[PDB]
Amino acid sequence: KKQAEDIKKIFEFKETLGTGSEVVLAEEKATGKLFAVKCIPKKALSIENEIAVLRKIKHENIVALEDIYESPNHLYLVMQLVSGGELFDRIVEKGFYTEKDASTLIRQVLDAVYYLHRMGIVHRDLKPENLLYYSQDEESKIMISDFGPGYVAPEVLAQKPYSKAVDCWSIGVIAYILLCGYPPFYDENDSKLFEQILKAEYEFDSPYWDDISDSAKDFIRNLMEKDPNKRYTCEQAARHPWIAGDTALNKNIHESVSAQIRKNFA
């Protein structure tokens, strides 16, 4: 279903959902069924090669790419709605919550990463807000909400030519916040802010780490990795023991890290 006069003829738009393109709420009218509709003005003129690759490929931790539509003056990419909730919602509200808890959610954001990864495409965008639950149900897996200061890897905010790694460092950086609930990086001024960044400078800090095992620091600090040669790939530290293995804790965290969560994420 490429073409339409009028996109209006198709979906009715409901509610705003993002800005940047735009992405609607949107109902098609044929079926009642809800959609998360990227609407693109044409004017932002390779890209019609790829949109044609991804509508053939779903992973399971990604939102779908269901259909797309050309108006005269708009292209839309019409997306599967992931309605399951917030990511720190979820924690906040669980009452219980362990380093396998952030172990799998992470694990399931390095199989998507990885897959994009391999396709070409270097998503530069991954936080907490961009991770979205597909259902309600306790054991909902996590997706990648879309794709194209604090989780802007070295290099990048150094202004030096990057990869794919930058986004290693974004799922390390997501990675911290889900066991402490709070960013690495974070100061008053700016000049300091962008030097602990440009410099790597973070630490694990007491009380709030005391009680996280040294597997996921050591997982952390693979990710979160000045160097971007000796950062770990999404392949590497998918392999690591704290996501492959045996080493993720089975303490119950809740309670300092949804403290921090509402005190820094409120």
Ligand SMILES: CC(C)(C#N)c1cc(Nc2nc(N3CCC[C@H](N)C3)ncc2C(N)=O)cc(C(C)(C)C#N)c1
Given for the second form:
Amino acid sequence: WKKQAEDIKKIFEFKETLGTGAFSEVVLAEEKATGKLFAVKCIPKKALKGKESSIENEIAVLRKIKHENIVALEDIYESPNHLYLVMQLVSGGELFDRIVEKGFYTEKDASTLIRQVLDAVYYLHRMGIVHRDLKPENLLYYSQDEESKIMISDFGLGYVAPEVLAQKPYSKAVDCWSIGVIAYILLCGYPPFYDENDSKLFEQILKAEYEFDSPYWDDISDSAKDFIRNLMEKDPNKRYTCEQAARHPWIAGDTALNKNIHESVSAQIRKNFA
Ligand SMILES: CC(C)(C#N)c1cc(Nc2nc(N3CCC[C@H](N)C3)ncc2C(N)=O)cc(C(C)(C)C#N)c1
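Complement to the form solved without the named molecule: the form deposited with the named molecule bound:
To see the whole picture, the full complex is given below, headed by that same chain.
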């Protein structure tokens, strides 16, 4: 299943870095043989020492599975000192850019986005993967047009749950908290927790102290607010799972409103982010 290369440069031309992690880099790559573009995750094998077999066994499982809302793992190359995970290039645009660029945006649009993220994350959880880094930056559109699906663009083999901040044991439920935070930002354009003081911010997240403040939340449905409260729940035992959230009427039913909330959401995205 793993392709072997003496030098990955025999296969790919590397262009700009898309993301930099701890001993992982995602780079735009062109396959020299075809001209096709990919996002290639470059990993030094020395960084995997003691878990190489385990990580490869997991990649071997995921290479065979495509989820509509997750970057496909297209190929794996092994060089003498690196692994290269050849991923689908998700080229349709960034999440916040799209919302700002739209002239018209409703709760139904936000619900549609969250439904896709719930589907993707439910699947990762079934496979034993806790994403741990769900945030707008990891969500990209497949295509530039208005019907494009959203995709989780990257995953590991302010948005962090209170139990993680409390250095307590944590589970897949941390992802459900993060999805609630994303839903919050999608309906008002600003984060639910922020303070210039990190200590105050830490305490607000630990206590799950947030509000649906006026005027930004006045024309948002009770159903949306209930949906968010069930995910942004301090107690991971009480917190909705992805499965429970997918059954809530705001996702599965017809309670998401049809009001154009673009003006306020786009103004707040512009004002609250760089
Ligand atoms: C080259 C371009 C214009 C296209 N086509 C483009 C493609 C992507 N694509 C990906 N970006 C990432 N990362 C960046 C986001 C956070 C994540 N942790 C790592 N990882 C995987 C993919 C993928 N699967 O395509 C990203 C950007 C930029 C950098 C502008 C953004 N955002 C630009």
